Every structure is written in C-alpha cells, then in structure tokens.
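> With the sequences and hints as input, model every part of the structure.
The chain contents come next:
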Amino acid sequence: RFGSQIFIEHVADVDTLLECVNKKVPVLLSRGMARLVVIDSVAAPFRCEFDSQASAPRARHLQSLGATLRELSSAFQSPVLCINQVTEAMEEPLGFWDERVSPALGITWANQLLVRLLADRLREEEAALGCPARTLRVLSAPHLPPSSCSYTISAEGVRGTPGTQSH
Amino acid sequence: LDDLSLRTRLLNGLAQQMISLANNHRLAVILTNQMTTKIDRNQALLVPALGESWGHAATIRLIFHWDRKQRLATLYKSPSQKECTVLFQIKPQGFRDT
Amino acid sequence: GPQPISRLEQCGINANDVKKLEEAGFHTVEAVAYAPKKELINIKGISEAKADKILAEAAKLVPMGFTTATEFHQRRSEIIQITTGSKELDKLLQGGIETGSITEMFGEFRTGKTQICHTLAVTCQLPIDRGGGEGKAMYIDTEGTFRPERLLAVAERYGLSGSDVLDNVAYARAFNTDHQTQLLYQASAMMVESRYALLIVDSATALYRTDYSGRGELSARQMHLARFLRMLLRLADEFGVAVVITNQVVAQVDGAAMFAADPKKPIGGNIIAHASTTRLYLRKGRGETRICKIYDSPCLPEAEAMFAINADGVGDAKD
Amino acid sequence: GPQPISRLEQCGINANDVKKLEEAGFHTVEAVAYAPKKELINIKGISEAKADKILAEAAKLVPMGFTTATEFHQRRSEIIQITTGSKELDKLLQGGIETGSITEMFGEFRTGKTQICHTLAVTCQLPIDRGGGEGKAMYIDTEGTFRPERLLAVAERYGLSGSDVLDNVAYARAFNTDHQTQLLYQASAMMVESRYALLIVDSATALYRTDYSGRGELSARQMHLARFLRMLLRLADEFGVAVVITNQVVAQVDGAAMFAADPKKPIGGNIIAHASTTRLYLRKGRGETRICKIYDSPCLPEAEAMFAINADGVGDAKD
DNA sequence: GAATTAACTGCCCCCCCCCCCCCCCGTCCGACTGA
DNA sequence: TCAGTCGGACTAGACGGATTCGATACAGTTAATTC
Ligand SMILES: Nc1ncnc2c1ncn2[C@@H]1O[C@H](COP(=O)(O)OP(=O)(O)OP(=O)(O)O)[C@@H](O)[C@H]1O
Ligand SMILES: Nc1ncnc2c1ncn2[C@@H]1O[C@H](COP(=O)(O)OP(=O)(O)OP(=O)(O)O)[C@@H](O)[C@H]1O
Ligand SMILES: [Ca+2]
Ligand SMILES: [Ca+2]
Ligand SMILES: [Mg+2]
Ligand SMILES: [Mg+2]
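Line by line, the protein sequences are chains A, B, C and D. The first sequence runs 174 to 265, 272 to 346 under UniProt numbering. The second sequence runs 252 to 349 under UniProt numbering. The third sequence runs 21 to 339 under UniProt numbering. The fourth sequence runs 21 to 339 under UniProt numbering.
No false leads were mixed into what you were given.
Partial list, derived from the structure: chain B residues whose beta carbon lies under 10 angstroms from chain A:
{"#": "1", "residue": "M286"}
{"#": "2", "residue": "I341"}
{"#": "3", "residue": "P343"}
Calculated from the structure, these hints are not laboratory results. The C-beta atom is built at its ideal place from N, Cα and C for all residues, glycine as well.
And the structure:
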C-alpha cells in the first residue's frame with residue numbers, strides 16, 4: 174500500500190522547520206511508521222530571511238539543524254536526504276574551479292554532510308541533439324571516487340543510461 | 252554551546268590531557284579540525300576554526316589546500332622544520348604522492 | 021516503542037477480528053489507524069460498524085494529526101483547470117491552468133504574454149461546466165498595458181454580458197516594488213469578502229530591472245523578489261486561486277552559445293525558477309501564429325504547441 | 021492636471037524639505053508618490069522617518085488603490101489622439117498617436133522619421149475637434165537635423181500663423197548621454213509650469229552607439245538606457261503627454277540565408293523592446309512613397325499602410 | 001626655499017573549439033480565383 | 001469584366017568574430033600651504 178505509508182508536512186519559516194524537526198519527526202520515527210526523511214528544499218527558508226550581513230545567526234541555525242538531523246539519523250538508523258539549490262560562481272577554494280554553479284548555504288552547511296551529490300542538465304546549447312542531457316555526479320564521499328553517469332526521465336520514473344559511468 | 256568560556260576550558264583541558272597521554276604512553280595523537288571563512292579586508296579567506304586561543308594547542312599544524320584541481324599539503328607550525336608546500340593526491344589505493 | 025497488534029483485544033475486540041486484520045498484512049495499531057476506510061471494509065465479512073469502532077479505538081490509542089498521501093490526494097482532488105481559449109494549449113497543458121499554483125510565461129517582445137492574460141481574465145468567469153472557474157479576476161499592472169476593449173472582444177466571443185465582465189475584474193497599477201508588494205495585503209483583505217479564481221501580475225519582474233541596478237544591488241533585489249514570491253505562494257495556498265505572472269528575457273552575449281538563433285534566458289535568477297511551478301516559453305511564429313513550449317513542470321513532459329492571436333483573443337491557427 | 025508640490029507643506033511638511041525635494045527633481049505630488057523610498061533616502065537632508073512621513077502624506081493625497089475595470093474603461097475613453105497628417109496612417113492607428121504611452125519609430129535612412137516628427141510637432145497644436153491636442157510641443161535633438169522650414173510649410177498647409185507655431189515649440193540640443201538625461205528635469209519644470217502635449221526625442225539611441233563602443237561597455241549602456249526610459253515613462257504617466265522617440269537599425273551579419281535579402285533589426289535590445297508600448301516600422305517604397313507597418317501594439321492588429329512625403333510634410337500618397 | 005599637509009591611483013591572467021538552421025524586409029510575375 | 005491573392009523561377013552564393021562590471025584601507029607620488 175504505497176499511498177498509506179507516506180507522510181507529508183508543510184512549513185513556511187525557518188523557525189517552523191526547526192519546530193517540525195524537533196517535535197513531529199521523532200514521534201514518527203520512534204513509533205516505526207517511517208525510516209526515511211526527505212526535505213524538499215532546505216535552502217528555501219534560509220534564502221528569504223538572512224542577508225549577506227547576517228551570517229552568524231544563519232550559521233547557528235544551520236549547525237543546530239544539522240546536529241538534530243544527524244542525531245535522529247544515528248539513533249533510528251534512518252537515512253536523511255536533503256535537496257539543495259545552487260548559486261553561480263560569478264568568477265572574479273572549495274574544490275570548484277571550472278564549475279559554473281556551486282551548492283548554496285556556504286561552507287558551514289557543507290561541513291554537516293556525509294555524501295554530496297549533484298544533478299546537472301546541459302541546456303539546448305549542448306542539448307541540441309533532440310533530447311535533454313542529464314548527468315548525475317558524485318562530488319565527495321568517504322568511500323566513493325568522484326564519478327558520474329547519465330539518466331533520463333520517463334513516465335515510469337528515473338532510469339540510468341547503461342554503459343555510461345565515467346572513471 | 253552558547254557559553255564560550257566553558258568551551259575554552261574544555262578544549263584546554265582536553266589538549267592538556269591528550270599531550271599528557273602522548274608523552275606518558277609514547278603515542279602519536281592525531282586530531283582533525285575544520286576550516287571557517289573569515290571576511291578579512293574585503294576578500295574572504297579560510298582559517299581554522301575554534302578561535303585563536305586554540306591555535307597553539309597542537310604541537311604540529313597541517314593544512315590541506317585546493318589551489319586549482321591540485322591538492323597541496325602545507326606545513327604551518329612545527330618546532331623542527333621550516334614551513335613549505337607539497338603536492339599530493341588520493342588514488343584508489345590511498346594516500347599517495349605525485 | 022510501537023504497540024503490537026496484540027493490544028486490540030483489551031479495547032473491545034475479539035481474537036477472530038483482530039486476527040483477521042493481522043493476517044491482512046497489518047501488524048500494528050499505527051498502520052491500521054491511518055488505513056483507508058474502503059480498504060478496511062472491502063474484506064468480506066467486515067461490517068462498517070465494527071470498522072468505525074476499531075478506527076475510534078485506534079484514534080484514541082494512536083497519535084493522530086498526520087497527513088497521508090492517499091488522504092492528501094483524495095481530499096484535494098476537486099482542483100479547477102481554467103481554459104486558455106485554445107484547444108491546442110488546453111491539450112498541451114492537459115485541461116488548462118491549475119489552481120493553487122504559480123504559472124509564469126516568459127518570452128520576447130511581440131509574443132502573446134498580455135493577450136493570454138486578458139483571455140484568462142475573461143474565461144475565468146465561465147461556469148465550471150463550460151471550463152471556467154466561477155469567480156472574479158484580479159489584474160495587477162506594472163507597465164500600464166491594460167485594455168478593457170480586449171476583454172470585451174472575448175466576452176462577445178463567448179456570448180457573455182459585456183458590462184458584467186468589466187464589473188468582475190478588479191484593477192490596480194503599480195509604480196514601484198514597494199507599492200507592488202504593498203498591494204498584496206489589500207488583495208488578501210479583498211479575497212475574504214468575495215470568491216476569486218485568478219490573480220494576474222504583469223509584469224512581475226519589470227520594475228526590478230530598474231529599481232536595483234548593478235552588481236552592488238543584486239542581493240537586495242533577489243531577496244525582495246524572494247519575499248514577494250513567498251507572499252504570492254502564501255496567498256495561493258490560503259485562498260486556492262490561480263496566480264499567473266509574466267517575465268522578461270535577457271541576451272547571452274558570450275561565445276558559449278553556438279546555435280546563434282538569438283540565445284535568450286529568463287531574468288530573475290534561481291529564485292523565480294524555483295518558486296514557480298510551471299514555466300512556458302512563447303516564441304514568434306509565421307504570421308500571427310505563435311509557438312508555446314513547456315519549459316519546466318513537475319508532472320508534464322516538454323512539448324510544443326501552436327496558437328494564434330485573433331480579433332476575438334487567443335485561439336487556434338486558422339486553416 | 022498634476023498637483024504642485026507646494027501643497028505638501030499644508031499637511032505638516034517644513035518648507036526646507038519641499039525645497040530639497042524640488043532640487044531633487046520632484047515638482048508635483050504625483051512625482052513624489054510614485055518614487056520609491058530609496059530615491060527619497062538619497063537626499064542629503066532627508067532621513068528614513070522624514071521619507072516615511074512624506075510618503076504617507078503623498079499616499080493620502082493621491083489614490084493608489086484597487087479599482088473596477090468599468091471605471092478604468094470609462095476614464096480611458098476620453099484620452100486624446102493626435103493626427104499624423106495622413107488618412108491611411110490614422111486609419112491604421114485607429115485615431116492617431118495615443119497620449120500617456122511611449123511610441124517608437126525605427127527604420128533605415130531617408131525613411132521619414134524626422135519629417136513625421138516635424139508634422140507631429142505642428143499638428144499637436146490644432147484644436148481637439150480637428151484632431152489636435154491643444155497644447156505645446158517639446159523637441160529634443162541629438163543629431164542636428166531640426167529645420168523650422170518644414171514646420172512653416174506644415175503650418176501653411178494647415179492654415180495657421182507661422183510666427184505663432186514657431187513660438188509654441190521648445191528646442192534643446194543634446195551633446196552626450198549625460199547631457200541628454202539632464203534635460204529631463206527642466207522638461208518637468210516647464211511641463212508643470214505650462215500645459216504641454218507632446219515630447220519628441222530624436223534620436224533616442226543615436227549617442228549610445230558612440231558613447232559605449234565595445235562589448236565591455238554593454239551593461240552600462242543598457243542600464244543607462246533603461247534609466248532614461250524609466251524617466252520618460254514617469255514623465256508620461258505624471259503629465260499625460262504623448263512620448264514619441266526614434267531609433268536606428270543594425271544589420272544581421274550572420275544572415276542565416278533568409279528571404280529578406282537585406283535583414284536589419286532595431287538597436288537597443290530587449291530593454292527598449294519591452295519598454296516601448298507601440299512601435300512602427302518604416303521603409304521606402306517607390307519615388308516619394310513610403311510604407312508604415314505595425315510592429316508591436318497591445319490593441320492594434322498587424323497591418324500596413326502607405327503614406328508619402330510631400331512639399332507640405334507627411335501626407336497621403338498623392339496620385 | 002622648505003617643512004608640512006593634502007589629493008589621485010593602485011592591488012593581474014583564463015576561455016583555442018567550429019551542425020544548427022526560426023519565422024521576412026523577398027522583387028516580382030503567372031495564373032487562380034471569386035466577385 | 002477586374003483586382004486581390006497562392007505559389008513560385010527568377011543565369012549564378014558564399015563568408016566570423018568580438019569583454020567587462022563589487023562592496024573596500026594604506027602606501028607612492030605629485031600638488032597646495034604658511035613660515
Ligand atoms: N486586435 C488584435 N488583432 C490581432 N492581433 C492583435 C490585436 N491586438 C494585438 N495584437 C497583436 O498581439 C501582440 C501583442 O503583444 P503583447 O502585448 O501580448 O506582448 P508582450 O509579451 O506583453 O510584450 P511586452 O514585453 O512589450 O510587454 C502584437 O504582436 C499585436 O500585433
Ligand atoms: N521639402 C521636401 N520635399 C520633399 N521631400 C523632402 C523634402 N525635404 C526632405 N524630403 C525627403 O526627406 C527624405 C529624408 O527624410 P528624413 O530626413 O525624415 O530621414 P530620416 O529617416 O530621419 O533619416 P536619418 O536616419 O538620416 O536621421 C529625403 O529622402 C527626401 O526625399
Ligand atoms: Ca519548479
Ligand atoms: Ca513592447
Ligand atoms: Mg506586455
Ligand atoms: Mg533623422
């Protein structure tokens with residue numbers, strides 16, 4: 174029964190998200206309904222409240238959220254998947276030399292993670308062949324080399340292209 | 252940890268205990284730290300975290316750069332050798348040179 | 021920890037029924053508390069009375085107040101899709117434009133971003149049987165490009181009262197970003213008195229190009245746009261209306277592009293891309309015909325369609 | 021029409037603040053009301069609280085709320101349109117040049133932009149019953165091609181006194197982009213002093229071709245042009261005059277092997293493409309006959325018309 | 001003539017590959033065509 | 001009769017590149033000032 178074993182929550186503020194992860198999530202994990210946590214956009218609440226001159230409160234909130242998420246994941250052995258947005262380089272470091280885009284939320288958020296992925300799509304300039312080009316890349320991991328592959332989106336779901344992994 | 256003084260006291264005590272253990276049992280203590288952006292002048296640069304008092308709580312300090320697609324291991328503080336710069340990279344076999 | 025299924029008998033059920041529920045794949049109170057009623061009662065020999073009884077037992081035993089995907093889909097399945105006036109566009113968008121979401125159209129110059137807005141402002145008042153939304157319309161203007169005589173043509177095409185249509189479309193003009201953002205509080209106040217089915221902003225990012233200029237003012241502009249889009253999303257979620265906004269384009273003057281057919285990208289950066297749900301890309305076609313392409317959508321594949329701008333509004337290409 | 025800024029001190033504003041606003045460029049209450057808070061902050065003697073009070077008073081004086089479409093439609097129907105001197109052009113434009121919006125004309129050389137500008141400069145002084153506007157004319161010249169002999173010829177055609185017509189036209193010459201932008205404040209002062217009904221800027225983008233040469237100066241040029249267009253738009257909204265500007269063309273070197281055999285597009289880019297409300301495309305026919313085409317409009321279908329340049333000015337194609 | 005203060009400038013190095021058309025300004029005549 | 005309009009041969013067809021923009025302190029060098 175796929176439908177009845179998925180729970181959906183809505184938040185609007187950073188404080189609302191913090192309260193949700195502090196109160197509602199542990200109740201669901203402890204009783205055993207779910208063993209997977211997905212955040213649709215962690216960067217969305219933080220990009221609407223803090224400017225370039227308010228880095229310290231944002232860092233405090235990010236550290237608290239990361240600590241709470243890591244504690245819950247370690248306690249209940251449930252993977253945590255976070256979806257993030259990107260910002261351009263605006264060339265005038273962190274390992275991104277010739278990349279046009281980089282993950283958002285700075286380096287404080289990047290210190291809280293374990294495996295960092297990156298999904299990229301080449302626009303019509305490189306996608307003038309008829310179909311969009313999508314590549315899923317591994318940025319860093321304690322046990323995975325930097326690699327990449329290709330995938331397509333269809334009516335069935337996301338499927339990777341066989342014989343495409345780069346070494 | 253909102254109270255900075257408690258953190259400083261704990262860090263100093265931990266460093267003293269670790270150096271005592273190393274000298275008493277003939278060990279080689281290895282510690283790992285994190286980098287933090289500091290907006291100096293107007294061009295931000297990465298500096299080690301945990302404040303400035305912690306700076307001389309370790310006998311030897313090493314920093315790993317990124318430069319331009321090239322990993323560099325630069326010695327920072329040591330009572331035996333002058334600071335220099337050395338390149339390195341990670342292979343599927345582990346920590347290697349070249 | 022979790023409460024096993026062996027606790028139901030103390031609440032007023034016999035071993036037979038609790039076992040019947042147990043071998044049906046369920047093994048805990050938590051699973052059966054949120055189980056759908058029809059899937060609970062479809063088993064032969066299961067009566068609705070005892071089903072409601074055990075549901076009440078679970079509700080007073082299991083912590084409730086958690087939304088579920090099946091309940092989320094079966095509770096909000098009465099969404100409305102307003103027709104755009106073109107059969108090809110309705111087919112491409114699979115019925116029209118949904119409510120409770122933000123749809124943006126971006127393109128260059130003489131493409132039909134305002135004619136579509138006018139047609140939607142007229143067609144949103146049609147009865148739900150005829151493909152409308154049965155509500156009023158709100159038009160927020162930033163360029164002084166609102167023509168009631170264009171709405172009159174569509175109202176005459178669909179056989180509606182000319183004077184009634186012009187009475188259901190509230191109008192407002194924005195002169196800066198502060199005024200544009202301030203108008204949303206008045207909109208929220210107005211949406212309680214009556215029922216609205218559409219809200220049009222044209223153009224959403226027209227004033228941001230000139231109010232903030234240069235690299236120095238980029239961050240403030242982006243944050244202001246993000247706050248405005250957050251307010252729009254809150255309004256759409258609270259009142260269940262359809263929000264349609266229009267965007268502009270900027271050239272790509274670097275050598276990375278090679279197809280050389282006047283490369284262009286929408287303005288606004290990543291905030292406007294992430295905030296909006298469905299994005300459409302209109303381009304010029306032969307004669308008065310135009311081509312509409314789906315740029316981004318969570319549940320649609322990229323495709324193409326052709327429409328035309330006629331004397332009666334947006335329609336289909338003539339033969 | 022507009023209320024002079026000298027009515028703010030009656031609401032609780034010290035005279036020095038009004039004087040500072042006057043040096044700032046705001047000469048009416050409407051100008052202050054439309055301005056964002058950031059523009060008011062940049063004044064030396066005005067703080068945030070002073071700007072808040074001034075904005076509150078301006079919003080009290082000027083209505084900036086929501087309105088029914090019926091009121092807007094009724095108010096729009098009484099706007100004035102100025103005849104172009106040609107019956108075919110008037111039929112194509114459905115009355116003539118509208119007031120309160122920016123109209124742009126572009127084309128290659130000897131296509132008749134300056135002659136149309138002169139004809140509009142003369143015909144704008146006619147009584148409203150004859151297709152005029154009953155006002156004065158303002159001519160801003162950036163090339164040095166202003167000749168009062170054409171104005172005298174048109175006045176003799178229309179049976180007006182030559183001396184009076186020449187006395188009702190204001191002329192200024194712009195030598196650079198910075199000087200061109202600086203001329204839009206004295207224009208505001210003269211417009212608030214006396215009733216004007218037209219404003220010709222020819223050519224609007226002539227100096228930008230030379231002041232900014234390469235690709236490394238594109239961003240600054242586009243930002244300057246956008247600010248200039250925003251100032252033109254605020255003038256048009258505040259005083260309700262007709263704004264007519266002219267443009268130039270640039271070749272399409274890539275070609276792409278299209279049928280035109282000599283492709284060319286107007287200069288300025290997406291900024292002036294999205295800012296202009298109505299655009300006219302002029303080209304040469306045979307002898308003295310020219311062809312005008314609708315290139316962009318919110319309420320006019322794409323169509324063409326033929327006019328001619330005679331010894332009396334712009335007129336219908338003489339047989 | 002000189003000690004002394006004040007004003008204008010400056011902080012820098014990577015992109016060497018090459019399918020891609022797109023919505024007409026053709027210049028105009030032959031013939032169709034319906035009225 | 002009569003002009004607008006669909007569709008199209010008309011002697012002949014190829015060509016390539018191009019750069020900038022930030023929000024900032026202190027020294028170096030040249031210019032103004034009063035004894
Ligand atoms: N009555 C009509 N009959 C036929 N076509 C019309 C009619 N009114 C307008 N049009 C055409 O519709 C188009 C109007 O473009 P529109 O105003 O939608 O552009 P836009 O995308 O809003 O542009 P901008 O960026 O300047 O705001 C023009 O190409 C015009 O020729
Ligand atoms: N007195 C006149 N009688 C008849 N035709 C005239 C007279 N004066 C000028 N013209 C016509 O005006 C034409 C040029 O028009 P105009 O000066 O408006 O050009 P334009 O499009 O403004 O040019 P530019 O691009 O150089 O600014 C000439 O080709 C000429 O035939
Ligand atoms: Ca989206
Ligand atoms: Ca336009
Ligand atoms: Mg428009
Ligand atoms: Mg001229």
